[PDB]
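Trainee: The residues making up each chain are set out below.
4 protein chains.
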Amino acid sequence: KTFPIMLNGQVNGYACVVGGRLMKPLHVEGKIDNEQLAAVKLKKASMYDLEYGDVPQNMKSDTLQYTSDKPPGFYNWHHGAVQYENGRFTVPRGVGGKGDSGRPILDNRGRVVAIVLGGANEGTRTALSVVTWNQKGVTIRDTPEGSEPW
Amino acid sequence: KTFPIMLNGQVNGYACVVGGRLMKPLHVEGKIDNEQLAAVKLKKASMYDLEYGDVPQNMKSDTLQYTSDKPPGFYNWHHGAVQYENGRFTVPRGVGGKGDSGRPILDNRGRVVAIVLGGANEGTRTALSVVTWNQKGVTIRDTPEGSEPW
Amino acid sequence: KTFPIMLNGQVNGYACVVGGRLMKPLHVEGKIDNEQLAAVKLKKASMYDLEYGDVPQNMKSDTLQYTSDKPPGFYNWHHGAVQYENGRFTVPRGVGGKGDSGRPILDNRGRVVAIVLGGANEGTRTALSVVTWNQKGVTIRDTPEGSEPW
Amino acid sequence: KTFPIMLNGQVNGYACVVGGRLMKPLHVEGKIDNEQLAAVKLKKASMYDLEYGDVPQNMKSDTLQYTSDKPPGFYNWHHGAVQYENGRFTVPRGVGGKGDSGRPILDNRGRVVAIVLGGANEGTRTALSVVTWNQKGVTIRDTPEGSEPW
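Respectively, the protein sequence lines represent chains C, I, F and L.
Residue numbers for the first sequence follow the deposited numbering, so the first one is 110 and each next one is one higher.
Residue numbers for the second sequence follow the deposited numbering, so the first one is 110 and each next one is one higher.
Residue numbers for the third sequence follow the deposited numbering, so the first one is 110 and each next one is one higher.
Residue numbers for the fourth sequence follow the deposited numbering, so the first one is 110 and each next one is one higher.
Looking at chain C on its own, in the form it has when it is part of the complex:
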């Protein structure tokens, strides 16, 4: 469920395999900790800042299915918790920095929603940059102002 993207001994990003294949940020480069999914050739999409490429039948069921069901409430995160603020996901103060790219969130039912790019603070608690899907089934970015790539 987790596959890092590191380079020469420092953390740079963490990939995921969602619903049938994988994705990975584009400002994160170097070593990935497999040779199966490293052997594939990857198609890059510059507008959503995530590349996509298919994984073989060897990964037929170890993936994590996704949804768009986000009612207001608290969900779990890899280094803490989130807060649904009208489609603007957010991160507690100081938590999360360099080497936290592609980290997924997870709901109360075992469903993945959000992929991350960076973050920026406004007032009392830091907002973060989201890649998510809607009820119609098309993908969204919700990027804050001044959110540099982590």
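Everything labelled a hint here was simulated from the structure, so no lab data went into it.
Among the hints, erroneous ones may be present.
Treat identical chains as interchangeable: a pair holds within one or across any two.
[Stated by the list, open to error] Straight line, CA to CA, 25 Å or less: simulated BS3-like cross-link-like pairs of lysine-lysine: (1) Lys169 to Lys207; (2) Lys169 to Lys150; (3) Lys150 to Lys140; (4) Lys179 to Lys152; (5) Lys245 to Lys152; (6) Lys245 to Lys150; (7) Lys245 to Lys179; (8) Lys179 to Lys153; (9) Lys179 to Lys140; (10) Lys152 to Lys169; (11) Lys150 to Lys179.
Keeping the supplied structure of chain C fixed, place chains I, F and L upon it in accordance with the hints.
Mentor: This is chains I, F and L only, laid out in the frame that chain C set:
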């Protein structure tokens, strides 16, 4: 024991360092997940489905030996109990498959009598494709007709 | 603190770090273990029997800091201890084989002043070649004549 | 009655007798510590790395004698035992070293089964080269490749 062969992550068969040097069946292909033994040219013998190679200077002692000793009785194997009656090898139904290409059967003493290739079933009990020594040092082939090797 | 060398399914020599720098012996060949540690290049000085280089600055919390004295006493070591006589360093009978050239020695307070390269046996006690330091700070070899590198 | 051979203060190998004939290696130079049989004329043979001798009518009774047949099993050695199967005399390393070329291996009955010459290292054991003779009685020498003799 034996050493496995890894095509694209998962199991294919087992390479037997047996009787003093290296043998691997020609039915399955792939490379070995052990680095000191695949650093040399390995010649082939495509007559009767086995490959012949060397071993380095540290596998003469622990390598299990062969003596073509045939009392007709119940031998043992990792997935059942193979035996030699009427000039045949047999296991009951619902056994083996792909990935089991080259696992040897042994005896009560703890040495090898035979190395399995595979086969199929035609009759009430499944026969097995095998490469087995005889009294005159002949590697005679016992395989029933209509059985593709595993 | 001691990082080995990958040869063919065994170890040939070893390598350590000091003061923000790197060791290697000339007679020790082969690929080093760590991703950040191989990619830095070696400004080598082979006739002084050390291949130095600069280490990553993420390794600033692993190196050591020294002085250059050697008071009489006893020096512990991986294979027991090494004793201090004649202003020299000699290993007892039988102890010490091949491949340990590259690994350091220690004292009670735990600071390396000396690293091992060779060996020379006259009767019982064996005198091995040691790189140590001047109070001016220049490399020093106490090589016996008729020595032998491990 | 194993006899010592020493050159000018050092120990290089030991001397043996069987059947009334003094066989010693031509591996290392070395002189005899006795006045009796130091003048026995010999005929230098370099086929087997061994060379015979002669016993007068003073030591004609106390000569340990030989055997031509051998059963598979364990034996009596100066530092342990040895097993014999697959045409092999091998012992693990640690026991036995330099100065052992010319120490007799013998059966528990008390007959000289063979006389060693040296051998090689192999993993956890040592393939030990030897000279012996089968049921034909022709003197056989065993040459493991990769062996520097003792």
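Trainee: Each hint needs a verdict: does it hold in this structure or not?
Mentor: Now the hints, each set against the structure:
1. Taking the shortest Cα distances, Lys169 and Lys207 sit within 25 Å of each other only across copies (19 Å), while inside one copy they are farther apart (30 Å).
2. Taking identical chains as interchangeable, the C-alpha atoms of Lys169 and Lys150 lie at most 25 Å apart only when both belong to the same chain, with a minimum of 17 Å there against 37 Å between chains.
3. Taking CA atoms no more than 25 Å apart as the test, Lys150 paired with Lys140 passes in both settings, with 12 Å inside one copy and 20 Å between copies.
4. When the C-alpha separation of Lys179 and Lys152 is checked against a cutoff of 25 Å, the pair qualifies neither within a copy, at 29 Å, nor between copies, at 37 Å.
5. In this homomeric assembly, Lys245 and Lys152 come within 25 Å of each other (Cα to Cα) only inside a single copy, at 22 Å, whereas the closest approach across copies is 36 Å.
6. When the C-alpha separation of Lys245 and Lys150 is checked against a cutoff of 25 Å, the pair qualifies neither within a copy, at 27 Å, nor between copies, at 39 Å.
7. Both within a single protomer and between protomers do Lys245 and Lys179 lie at most 25 Å apart by alpha-carbon distance, with minima of 12 Å and 23 Å respectively.
8. Within a single copy, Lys179 and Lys153 get their C-alpha atoms no closer than 28 Å, and across copies no closer than 37 Å, so neither meets the 25 Å cut-off.
9. Taking identical chains as interchangeable, the C-alpha atoms of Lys179 and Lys140 are never at most 25 Å apart, the minima being 33 Å within one chain and 43 Å between chains.
10. In the homo-oligomer, the alpha carbons of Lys152 and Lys169 lie at most 25 Å apart inside one protomer (20 Å), although the nearest pairing across protomers, at 37 Å, exceeds that limit.
11. When the C-alpha separation of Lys150 and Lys179 is checked against a cutoff of 25 Å, the pair qualifies neither within a copy, at 32 Å, nor between copies, at 39 Å.
Hints 4, 6, 8, 9 and 11 from the list above are not met by this structure, while the remaining hints are.
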